[PDB]
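Peer 1: Letter by letter, the chains look like this.
There are 2 protein chains.
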Amino acid sequence: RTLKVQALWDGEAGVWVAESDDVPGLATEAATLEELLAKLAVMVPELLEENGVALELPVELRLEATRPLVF
Amino acid sequence: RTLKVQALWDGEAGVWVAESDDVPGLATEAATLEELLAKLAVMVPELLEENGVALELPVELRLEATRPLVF
Numbered sequence: 002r003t004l005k006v007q008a009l010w011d012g013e014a015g016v017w018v019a020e021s022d023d024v025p026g027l028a029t030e031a032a033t034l035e036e037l038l039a040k041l042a043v044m045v046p047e048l049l050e051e052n053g054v055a056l057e058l059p060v061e062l063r064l065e066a067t068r069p070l071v072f
Numbered sequence: 002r003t004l005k006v007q008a009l010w011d012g013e014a015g016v017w018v019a020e021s022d023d024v025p026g027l028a029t030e031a032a033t034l035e036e037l038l039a040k041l042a043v044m045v046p047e048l049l050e051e052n053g054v055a056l057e058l059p060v061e062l063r064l065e066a067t068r069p070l071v072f
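So the protein lines, in turn, are chains W and A. Mapped onto UniProt numbering, the consecutive letters of the first sequence carry residue numbers 2 to 72. Mapped onto UniProt numbering, the consecutive letters of the second sequence carry residue numbers 2 to 72.
In case anyone wonders, no lab produced these hints; they're calculated from the structure. We put the CB at the ideal spot given by N, CA and C, even for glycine. Errors might be hidden in some of the hints.
[Unchecked claim] Estimated spans, in silico, between C-beta atoms of each pair:
| id | chain 1 | residue 1 | chain 2 | residue 2 | range |
| --- | --- | --- | --- | --- | --- |
| 1 | W | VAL43 | A | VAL54 | 33 to 43 Å |
| 2 | W | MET44 | A | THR33 | 19 to 29 Å |
| 3 | W | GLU13 | A | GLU36 | 15 to 25 Å |
| 4 | A | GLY53 | W | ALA42 | 35 to 45 Å |
| 5 | W | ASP11 | A | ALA42 | 36 to 46 Å |
| 6 | A | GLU50 | W | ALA55 | 44 to 54 Å |
Chain W with its partners taken away, still in its complex shape:
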């Protein structure tokens, strides 16, 4: 169904890093969130096949980025 993937900002390395509890062996990053999305679109299917898929279709990727709010 929906595969939640977190994008964590790594200021030191200047890149967003993908992390997912729904996607096995996911290890990828990119300078921008757009590029991270692009890369994910390719890698995620592959990783799901290489591993025991077991997914309900059609599957969508939800890239999440969190920011702390100041009041």
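Given chain W, work out where chain A should sit, using these hints.
Peer 2: Below, chain A alone, put in the same frame as chain W:
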């Protein structure tokens, strides 16, 4: 707590558009997801105050972007 905000890609207008069921009167977009985040960091608090807040702290903003997966 966590305020979920969706970023919807508008290819025609060349911008990501913010949409939120947790944040009142949210109307904003930006050419990139980074900029959309930046803009949100400022506007969201403001909109929450101007309206009946009623939030548990500390509050974090979760920007979500969905992409359909092809197999």
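Peer 1: Would you say the C-beta atoms of W/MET44 and A/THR33 sit inside 19 to 29 Å of each other?
Peer 2: Because 21 Å falls inside the window, the suggested range holds.
Peer 1: Within 15 to 25 Å: is that where the Cβ-Cβ distance between W/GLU13 and A/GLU36 falls?
Peer 2: Given about 22 Å between the Cβ atoms, the range holds.
Peer 1: Is 36 to 46 Å respected by the C-beta to C-beta distance linking W/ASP11 and A/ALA42?
Peer 2: violated, 18 Å
Peer 1: Could you check the hint for me, namely that W/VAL43 and A/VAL54 are 33 to 43 Å apart, CB to CB?
Peer 2: Roughly 41 Å apart at Cβ, these two residues keep to the hinted range, so it holds.
Peer 1: At the C-beta level, are A/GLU50 and W/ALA55 separated by a distance inside 44 to 54 Å?
Peer 2: The hint (44 to 54 Å, Cβ to Cβ) holds, given that A/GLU50 and W/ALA55 are roughly 45 Å apart.
Peer 1: 35 to 45 Å was suggested as the range; check whether the CB atoms of A/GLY53 and W/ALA42 agree with it.
Peer 2: holds, 39 Å
In the structure shown, a violation is registered for the earlier hint numbered 5 alone.
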